[PDB]
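**Student:** Single-letter residue listing:
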Amino acid sequence: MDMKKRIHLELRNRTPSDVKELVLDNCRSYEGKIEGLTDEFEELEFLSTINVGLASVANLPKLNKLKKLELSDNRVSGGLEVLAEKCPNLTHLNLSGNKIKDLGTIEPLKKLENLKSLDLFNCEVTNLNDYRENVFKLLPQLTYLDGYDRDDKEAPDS
Amino acid sequence: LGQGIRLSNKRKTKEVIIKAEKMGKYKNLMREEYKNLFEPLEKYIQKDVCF
Amino acid sequence: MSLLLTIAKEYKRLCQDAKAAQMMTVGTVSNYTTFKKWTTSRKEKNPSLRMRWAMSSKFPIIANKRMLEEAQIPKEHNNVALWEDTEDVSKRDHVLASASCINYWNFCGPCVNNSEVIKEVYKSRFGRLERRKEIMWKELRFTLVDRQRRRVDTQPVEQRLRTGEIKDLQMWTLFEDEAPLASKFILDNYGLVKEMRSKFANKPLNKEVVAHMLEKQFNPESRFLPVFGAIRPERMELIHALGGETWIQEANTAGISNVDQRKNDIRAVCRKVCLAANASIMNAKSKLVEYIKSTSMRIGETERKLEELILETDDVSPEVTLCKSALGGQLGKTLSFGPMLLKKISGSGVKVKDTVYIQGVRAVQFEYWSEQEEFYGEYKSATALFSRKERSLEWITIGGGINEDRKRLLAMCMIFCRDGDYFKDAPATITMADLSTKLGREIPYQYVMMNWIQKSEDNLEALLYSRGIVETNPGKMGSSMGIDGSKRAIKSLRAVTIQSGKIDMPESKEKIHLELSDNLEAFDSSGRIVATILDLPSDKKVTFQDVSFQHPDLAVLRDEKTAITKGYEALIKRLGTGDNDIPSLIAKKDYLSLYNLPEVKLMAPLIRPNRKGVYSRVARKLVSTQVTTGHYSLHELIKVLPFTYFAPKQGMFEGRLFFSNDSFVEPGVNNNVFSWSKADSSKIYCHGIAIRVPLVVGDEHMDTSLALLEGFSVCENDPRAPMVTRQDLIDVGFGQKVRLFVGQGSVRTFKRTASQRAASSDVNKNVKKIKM
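Chains as they are written, first to last, in our numbering: chain A, 1 to 158; chain B, 1 to 51; chain C, 1 to 772.
Hints may contain errors.
Take a look, some chain A residues computed to stay more than 10 Å from chain C by CB distance [stated by the list, open to error]:
| # | residue |
| --- | --- |
| 1 | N26 |
| 2 | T38 |
| 3 | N59 |
| 4 | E85 |
Restraint ranges, calculated between C-beta atoms of paired labels, are given here [to be verified]:
| # | chain 1 | residue 1 | chain 2 | residue 2 | range |
| --- | --- | --- | --- | --- | --- |
| 5 | C | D146 | B | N36 | 48 to 58 Å |
| 6 | A | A58 | C | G733 | 34 to 44 Å |
| 7 | A | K65 | C | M723 | 57 to 67 Å |
| 8 | C | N671 | A | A58 | 55 to 65 Å |
| 9 | C | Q744 | A | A58 | 50 to 60 Å |
| 10 | B | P40 | C | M136 | 40 to 50 Å |
Everything labelled a hint here was simulated from the structure, so no lab data went into it. Note that CB positions come from ideal geometry on N, CA and C, so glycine has one too.
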C-alpha cells in the first residue's frame, strides 16, 4: 500500500502524542524514504518497519522515548550515523536482511550507550573471520548479538 | 610432422583442414611466424616429413 | 489543492456562459468524444516538404511556457536563440521555440531520479533485442527458396487476450479512481493486475503512452506473408534477416520464447478430456463441459482457467475445435480429415446416399456430395490443390517435397472424395468387426478405409493402384508421379500434376458458429463434418506439469488427501459474507467462535489423535495473537484452524502439525501440502490442487479495493445512504448499504453482501425442465 495510508489507518482518531507502539510492516515507501513521520510522536517507545523497500533512514525524525527498532527485510546501507542524534535512548536494534558490507558502517553505533542487543542475520559482515569477537571488542556496551551473548548464552523471551 | 594446419574465414563459419605435405602449397597464407619457420626447411622436406 | 480550487473557479466561469452550459447540461458524457473531433483539425499533404520548409525557419516549434520558467530555461544562451514570448494561435498557452532548446534541455536541464521504468513500458522491444542477442549466426548461402504465403503471427506474446479484456485492465492499473464495475476477467485474473500495478505505481509518467504500449504488449501482429522453414514468432519478427528469394542467412533460433510447448500441452489436455468424455454414452457433452470448467493450468507464473485460454488461441486442431464448439466459441472455416488439413475455396453441393458390399453381399450406407468443389490441402511438408466431382477426384496438383507425404496426401484426398472402386466394392480383408462400433458407436466407411491404410503400406499401394495408371506422355514427364512418388517415370498415375514450389495458402477473415452431436461430431449449418474424435491419435500416456484436474473422475489421489482438500475447500467457502462467518468474527474479535465451527469439527478426525491437544493449543495461541491486534495473514488461519477443535494440553511442540496420514503442514513456510505466495494472494495450493479464495476482506498484503469486490453487490438505489470513496469502502459493516460513484458519469448503490451463485446452472437446469 503506502506508509501514509497505513499510518492514517493505524491512527484510529488517536493523536500522534499518546501512542507507545507502531507497526508499518508490509508497506511501501517511495525512493525507500520515510514519509509521514514527525516529531509529534513523543510517547512512542517501539517501532517496526519491515519489507517496505527502504534504503536510507535520513528522514527519520527525533524520537527520544523510543527504545526498540526493527528494519529487517530492507536494503539499508551506510545511514547508521543519524540514529544517534534522533534516537540516543535506543536499546534494541535489528537489521537482519540489509546491505551491510563491512564493520566500518557499524562503528557509529558505539555512541548508543543505551544499546543492549543487536540482530545481524543474513548479512555479508557475518561471513567474515572473527566477527562476533571483533564486534564485541568494538561495541563493549552491547551484550546480546543475534540473540546470543558471549559464551553463546541464549537470551530469554522478554 | 604432426597434424597439418587449418584455415578459417573471418567469422569462422567455414574451416578448412589440410595436411602437412601441402603446407608448402599454401605458404602464402600462413602467418609470418609460421612462415619464417617453414620456408628454410622446405628443402629438407620430401612428402610430409623432415630429413 | 489550490489547483482544485482553480479548476472549480474555471468550471464556474465556464458555466456562467450559456452555450457551454447548454452543452454540459444536455445529453450524457459520451458527447465528449464527439467534441474531441470538431476541434484541432488540420492536416498537410506532404509533411516532408513542409518540414524542410519549416525547420528552415527560426522558431518552428511550440512549447509550454511555465515549464520553462520553472525549469529556468533562458533565452539567447550564447547568442543563439531558443524562444521568444508569444502565443500560438491554437493552444494560446504555448510559446514558439527552436529545436536547439531541446538539446539544451537534454544537456543542462532538469534530471529525474530514475528512469529504468522504461524497460517495463517497452518490454516487447527489449525482448526483441535480447532474443536477438542470444542468437548464434552461421554461414551465408545462395539458392532459390520455396516461399509459401500464409497468415501467421509476428509478435511473441504471453497470455494473448481480447480488446474488451484489455480496456478494463488498463483502467484498473492506471486509473483506479475512475474505474468501472469489476468485470469477471479481473476477479479471475487478480495476480496479473497486481503485478502490472506494482510497477506503474508511485511513478512520474505519461499514462496514455503506457496504455498504448500495453495494447502492443498484448497484440499478436497477424500478417499474410511469404515464409520459409519453421514457423515461429521468434523468427517471423526478423524474417527479413534470415533469407529472401535468392539468399539465406542460416541461424539457429530453436531455444527461445518457449511458445509451441504451451500449445502442444493444451492440445494434449484437450485430447485427454475428449477421450474421457467419449467414455460416456449419453452425456459426453456435459461430461466434457464439466471436465473443462473443473480444470486449470499454469502459464509462466499465473494460473489460468482452461476455457479462458481455449477461447483466445487459434490452433485449428480437431481437438481444440470440439472444445471451442462445446463452449459456443466461434471459429474459422477450416476442416480436418484425420491428420491432414483442408480448406474450401469454391463450389457447393449436398449429401447423397450410396451403398457398398463389404464381403459378398453386405449393404452399408455411405454418403457423398453431388457437385463440383475445389479444395486446398496441407499435409506435412506437402501441399495440394484438387477438385471433386460427383464421387470422383477430377484433378489435383501438388507442390510438396517428399514422396511419402505426397502419397499419403493423395490417398487421403482420394478417400475424402470417395473416388475409386473400393467405395463401390470394399475389399475382402475388412470385416463387420473392423466396420464400426467399438462399443456401439458407428463408423462411416471413410475413417474405416483411413485406419485400413494407416495399418499397412500395401493397402495404400493398392489404393493408389485403384487410381488409373497410364504411360507418361512426352513433355509431361516432369509433371508426373509414379507409385513411389517420383517426379518422373515412364508410367504414371492418372490426372495428376506435380511441380516444385508450394501452393499459396488461401485466406478468409470469416467466423462461424457451429454445433455438435452427442457423438462428438460437429456440423456447420449443413451435413458437413468439420471435426470428430476419429481423426486424432488413438491414445497415449503423458505426465502433465503444472495442471489442476480438480474433478473426481479426473483424479488419481486417494480418499485421505482428497478428504483433506475438501475440508479445506469447505472451510474456505465459509470465508464469505454474513455473520457466523470468520470475517465478521475477526472484526468483532470473537476468536473463540471459530473453534466451534462445524467444518473444523468435520476435519478433526483427520488429526493425529495422540498429539491433537498440543497442536490445538498452539493454533489457538496464534489465532488470538493475530486477532487481538489486527495484523493477520488470512493464509495461516485457514491453515491452522482445523486443530483448534480439541482441548489444549501440555507438551513440546517440535514445529510441525501432523495429520493421521503422515502428512503435515508448517506454520509460516510453504510445503507440498499447503503453499501460497504474496504475488498471487488469491490462490491456495494443497497437494498440487489449486483453490480460489474469494475476495471479501483484505489483509496487510492486499493493498486496494480489489480484494473486497467479491463481498459487494448492487442493490436498489437509496438516496438516504451516504456517498463515499473507494478507500473508505473497507470501513463498512457486512449487510450495510452505501452510495458510490463508478467509472464516469454514473452513481449507484452497493451492499456488502455477496451472491456466490452464477447463471450457468440456474439457466441450464431450468431449460432442461422445459424439454419434457
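**Student:** If a hint holds in the structure, say so; if it doesn't, say that too.
**Tutor:** Structure-based check of all given hints:
Under the 10 Å C-beta cut-off, the non-interface status given to A/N26 relative to chain C is violated; the minimum distance is some 4 Å. With a least beta-carbon separation of about 20 Å from chain C, A/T38 lies farther than 10 Å from that chain, consistent with its non-interface assignment. Distance check for A/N59 against chain C: the nearest CB is about 15 Å away, which clears 10 Å, and the non-interface claim stands. Every C-beta of chain C lies more than 10 Å from that of A/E85, the closest at about 26 Å, which supports listing it as non-interface.
Our hint of 48 to 58 Å for C/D146 and B/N36 holds, since their Cβ atoms are close to 52 Å apart. For the hinted restraint 34 to 44 Å between A/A58 and C/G733, the CB-CB distance of approximately 42 Å keeps it satisfied. The given range of 57 to 67 Å is broken by A/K65 and C/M723, whose C-beta atoms sit roughly 42 Å from each other. Checked against the hint of 55 to 65 Å, the C-beta distance between C/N671 and A/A58 comes to roughly 41 Å, which is inconsistent with it.
Distance hint check: the CB atoms of C/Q744 and A/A58 are about 42 Å apart, inconsistent with the given range 50 to 60 Å. At roughly 42 Å, the beta-carbon separation of B/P40 and C/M136 lies within the given 40 to 50 Å, and the hint holds.
Hints 1, 7, 8 and 9 from the earlier list are contradicted by this structure; the remaining hints agree with it.
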